[PDB]
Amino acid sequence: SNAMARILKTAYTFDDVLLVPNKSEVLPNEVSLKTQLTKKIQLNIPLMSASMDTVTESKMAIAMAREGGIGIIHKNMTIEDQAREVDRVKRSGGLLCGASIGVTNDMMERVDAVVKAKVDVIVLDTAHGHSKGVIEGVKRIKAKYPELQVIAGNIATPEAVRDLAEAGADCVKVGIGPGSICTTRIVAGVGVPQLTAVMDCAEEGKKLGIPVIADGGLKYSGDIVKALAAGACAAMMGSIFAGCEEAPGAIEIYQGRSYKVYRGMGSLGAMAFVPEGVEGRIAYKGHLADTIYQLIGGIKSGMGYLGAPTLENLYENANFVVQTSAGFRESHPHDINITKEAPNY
């Protein structure tokens, strides 16, 4: 019968597209970066640190919150260690704080402890958010804690946005495969290029009043611009934050150069089922505050180019063009022996 594999379309990631400049009466230092992570939760800047054991513990979540973003404490620890980490962030001046929850046996026990520590939002994320286990997990949590803010992921299709919204999620996280340390697309063959994924999911989210998060695959400040212009309410990153002194792990020096170890939570190292992540070393980047300053400067630039004083205006006025490989070469610095370090390239 007609039941058979189909090739549906071409899907794009951030490097495939550029934003067209609009006429503008706004300069970069006049724009506002506030966003609604959920209906109840507002962020001053639309950035989140990933809930990985190499990216976000309390030290990182504290620095994120004071920069106007938010950090999701990772769940690769005891329930009580994670509640202690959430309690350390909240005791640092009432800062926003998130906590990652997995679909497990102790899932409700973990939620209780991070709820007792007064976590502001829990992220129920799985390899595959469009599942029975996640859907039934969100219903279970919201039945107990109707006011607790719940982000569910990861997903990559508007049907999954709709299904996760019917389950009670207050926000939905987008990204199957784009992770810099992710091999899910290589080992299972599954994933959606992240620009198409975010655009289609945000469009459906907008129909329902449910925001979407662009999770994974972001390398430069410009990628973040594209993701918010595609419709994400916020951008979540591991690689971009994992080289920072505030992320867990010590700054190791090898051959006179400083490194931090960054790894996927599906890697063999994090899990000490077939691995879906790798483990490696990135260059130490310094303090989170200097990275955030370049990221925020890049976003304010992009909105100035597009004439958008708010993130809503950026979405409603974003037009992409697709570029080829040859346009990719043109869009990056070329035919130049770059010497001096650039703080955002």
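Between two forms, the rigid core is defined as the largest C-alpha subset superposing within 1.5 Å. Numbering follows the first chain given and starts at 1. What changes on going to the form deposited in another entry:
Superposed on the rigid core, the two forms differ between the two forms by 2 Å or more at the C-alpha of one listed residue only; from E136, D106, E203, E252 that residue is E252.
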The other form holds:
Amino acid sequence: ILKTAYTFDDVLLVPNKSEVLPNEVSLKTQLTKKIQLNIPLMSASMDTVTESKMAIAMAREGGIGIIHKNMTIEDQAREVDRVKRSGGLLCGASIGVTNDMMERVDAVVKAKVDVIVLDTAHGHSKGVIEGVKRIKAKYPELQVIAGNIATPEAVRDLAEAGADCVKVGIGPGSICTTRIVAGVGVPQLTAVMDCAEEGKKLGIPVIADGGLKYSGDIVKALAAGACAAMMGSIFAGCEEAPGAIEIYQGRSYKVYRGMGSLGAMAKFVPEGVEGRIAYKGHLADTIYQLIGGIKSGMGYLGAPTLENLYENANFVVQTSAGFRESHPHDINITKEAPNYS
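Having seen the form deposited in one PDB entry, I'd like the form deposited in another entry now, please.
A lone chain is what you will see next.
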């Protein structure tokens, strides 16, 4: 019980000397050794976040969407295929460890998915290791993301098993109760930091999944070493996300729930809650704001590229009081900001 772990709100990045203006920087990243994204953002594989429409709009902005799997195998293959024939867009698919597994994989592969994500509550498990070894045995050159994990031991075991990228985050998500009902989890920033570090010794990239709420948070995840950030609530309020529209006190809300929530899984022991976030309009506007945030951050840090950002970033722990100084304070805000609230 000696060691303290930090999440995003716990730290700040120290500005560096910069010869670089924000609209000079390049957010290109390697999602895997083979898959290059233009911007390091991906939409979560949840039934209230990503289907083909969201996945098409992520691809076009430079990112990628991971079509969720809470649908028939044939419907997912249709969603993926819908993305592929909308141009030449990259598309991912979610796969669980099931008796369905390889039929789901065969359908999205033939439908030309670019990357599958074997994601489960506990990526550091015998099922996932065997599942990655099974998939890569059948499809060697296909790209496999394995998650979710929180330790460097977990990185190696999935790298050994053949994953091309690992996905970090047990407990941080906005709709997640894993840490509350199971007691298990690692604060996300320290999780990404430790996993990024072992991932770089091995040649395997890591994704920061969950818990990001502002663009500043993504800068921290990338500075920690993640190759890409994945978000649910940040995208689930967008027009392209599936989700009934609910009305309350003059505002429109989009339904957003955990995949491990009662309503998603339908004696259940859930690991998620169901709720709603405010409608935010079109993805493109949300992406602009996030990219602009990341660019300014790299400007403050003098980083022309994501690699230089990771190599030159210096972190500083702020207290509860610093956290209050960091947010707007002692202001009665009256005009909406596309950046904040």
